[PDB]
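Before any questions on binding or motion, here is one chain by itself as structure tokens, the form deposited in one PDB entry.
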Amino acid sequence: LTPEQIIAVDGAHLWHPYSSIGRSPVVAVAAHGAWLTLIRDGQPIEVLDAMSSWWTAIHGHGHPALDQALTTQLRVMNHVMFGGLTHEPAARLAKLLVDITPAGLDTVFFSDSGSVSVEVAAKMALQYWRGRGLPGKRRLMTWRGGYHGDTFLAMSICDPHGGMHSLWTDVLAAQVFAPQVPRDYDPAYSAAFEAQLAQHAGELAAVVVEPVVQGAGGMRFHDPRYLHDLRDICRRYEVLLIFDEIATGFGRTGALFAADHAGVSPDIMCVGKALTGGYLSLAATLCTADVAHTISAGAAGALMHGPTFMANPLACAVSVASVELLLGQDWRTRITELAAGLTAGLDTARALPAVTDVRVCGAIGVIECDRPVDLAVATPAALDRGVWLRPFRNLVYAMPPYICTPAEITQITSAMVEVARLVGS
């Protein structure tokens, strides 16, 4: 198919994310390193993938180590059913994940998507308390501003009013919501969180939050000390603590996992997105040995979940390579350099008339605007400057590949600033 034919087929037959049908996408034809080749007005152009393809492509596209890991595994074994069989890619990846995640997370359940890994975490929490003979502990608690995926359970802990799933609240499980967690640390907030949790403790299976950075809900940051408070509160009231690190994992916030900013270990943890270096869909839910054993010794005797492509050897093999590539370099210095480049590059946006905030956390850079960003203006403005940016809500933001040179980061931040300037034009 030509780009023209792709556009025609796409218009007729393809549903895009968070969209309606019939009420235009840009053709992508190649991706290498930090760069995409897109078709604009019939001609190929090279643009920086400032979004890392929705936060996945941390080593960029077509990395030789990841490519070879995939082709090596493809030669041996593409996939076998994980029911009754095991294999080396799953074992290598599970061993890696247990060793690099917060202390105490000793078991690994692979699934094929982030939303599913969140449902698995919830199922773990619910089955845990059923195993303890306390089936009334079945509700979830979170704070506002959150996002945890698009399946119906995950939707139930999305922000009820400003969240993308707000229109569904009347058919979702009704969960417990604390107010928006502030950026700066305020002990009054933690005290109020505890007071609210206290009156629901007997019906709460778990607290579920995104640690440090809330992503799709508004790119909001909060002080890591809140996580210390959450761990304490959950410990004292016997509520499981679940961290959704599907966006924050694998170095993105400047720590390997955002939980590490607070030295906190949850009872259950979800990871995904950057897990495979953006090659293939894979996610994982980890839990402590205590949780696993309590589920396993329960009247159920088994965690009742088992995706068809569970622990897919191809996805596991590229994930192993991606994690090893990350760990085998000085990733912390790399991220610190990125963060410094984002900070320096976005500083001039603070003075722009339409800009209300500029904030950076590791390899996350955000310009918050005073109005929703119009993609019809933003997209060509960024493409004109050789950068693929995808704003949402009132945010112009970047989550660049870790392989971006300082010059490339400067190019990215320059485009972001010019998009923000156009917002107030």
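Here, rigid core means the biggest group of C-alpha atoms that superpose within 1.5 Å across both forms. Numbering follows the first chain given and starts at 1. What changes on going to the form deposited in another entry:
Among the residues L280, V98, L134, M164, the single one whose Cα moves by at least 2 Å between the two forms, once the core is superposed, is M164.
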Second form
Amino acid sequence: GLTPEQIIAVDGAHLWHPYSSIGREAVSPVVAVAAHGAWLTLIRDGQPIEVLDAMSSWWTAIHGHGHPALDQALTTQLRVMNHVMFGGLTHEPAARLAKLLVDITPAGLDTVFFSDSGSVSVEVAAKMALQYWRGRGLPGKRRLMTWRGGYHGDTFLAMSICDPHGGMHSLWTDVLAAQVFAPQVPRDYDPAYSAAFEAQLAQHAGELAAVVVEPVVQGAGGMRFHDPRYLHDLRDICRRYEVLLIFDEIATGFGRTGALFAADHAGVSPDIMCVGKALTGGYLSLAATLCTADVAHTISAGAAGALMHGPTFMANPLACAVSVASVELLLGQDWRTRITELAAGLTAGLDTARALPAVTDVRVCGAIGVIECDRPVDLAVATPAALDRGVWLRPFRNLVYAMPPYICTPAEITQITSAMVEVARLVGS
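Switch over from the form deposited in one PDB entry to the form deposited in another entry, please.
A lone chain is what you will see next.
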């Protein structure tokens, strides 16, 4: 039992926040006291106010908070079995979820490794790729290649494939693996980009295990969109030069970009795939790494005899149960129409933002809207403005942006876009 003022006091003294300091925070965190549907209840000047979760709590809350069907699946599982070890045991929530994932991901992804976060599923993906080649008698193939602008997590391997300015930084000179970086992938399709990619890959091929990318949308590294055709070229390059392809769909997964997985826009399958975030409907942390039967059987027949990974809470029944229900809920409705409407709503609402002085781009892709400005967005100016409009927004760098819950009404998208348009206008001043 703590009051909002007591929460603030404990938090200031004792809580780290994402990429934050202790005792140097420019502004106090705001107290969140509830979340229901698309709305959060927050304390502002000692008063609870309801505001739209424009960001879906970082891509996670696809059906909104406290969706009756998701709450119900969680409590139904809670009464039967909270958790058992996954060593020598299996269970229904893991089986059901693995079943759904293999059916609905791009063709050929036949096996599923559960883990407890996105960064962990990325390191598992890398470990699959590395063990793969050792199982082929090619231990020299151990480096990773990616393109700039990417983000794959904060654990040390994951960091090595993050954008070097995204934070490498300079700050981590050594201690990171030195990976192969291609230039930023452009928005519009240019065959010259893919040709230069291939030439660069070609000369490293004998030391490359895999290419790892976010398909179609790069999220936390700067909300950039690229033509799906590039993914088709990667698949092609990777096949021809014998390098595995990893798609990191932790942010792009489960309908967000207008296809079920963004790889579907290109009609391509990677060899290894990561999912997370929206997987659980934003209730709990869970992730999965899927790989082809070939990858699975090469690992298993290699010297180690096994994938050498296994978190304590692997395949947690509670996480797997709420995920099963989150996935069925998406699939049981006309999700494609929902996303199309959302995209249209975002496009319409954000439109007037391009005629603003500080704004260099306005872009929409599925249920994702971005306003790019020509300077950093001042958080101590931006946050106040959006709160006043009943919206929780979180700009970073020069980007005002949103990934709203799938359940947002036209009135709610209008309200989100209007606060975004306003954040951009104040940037101009």
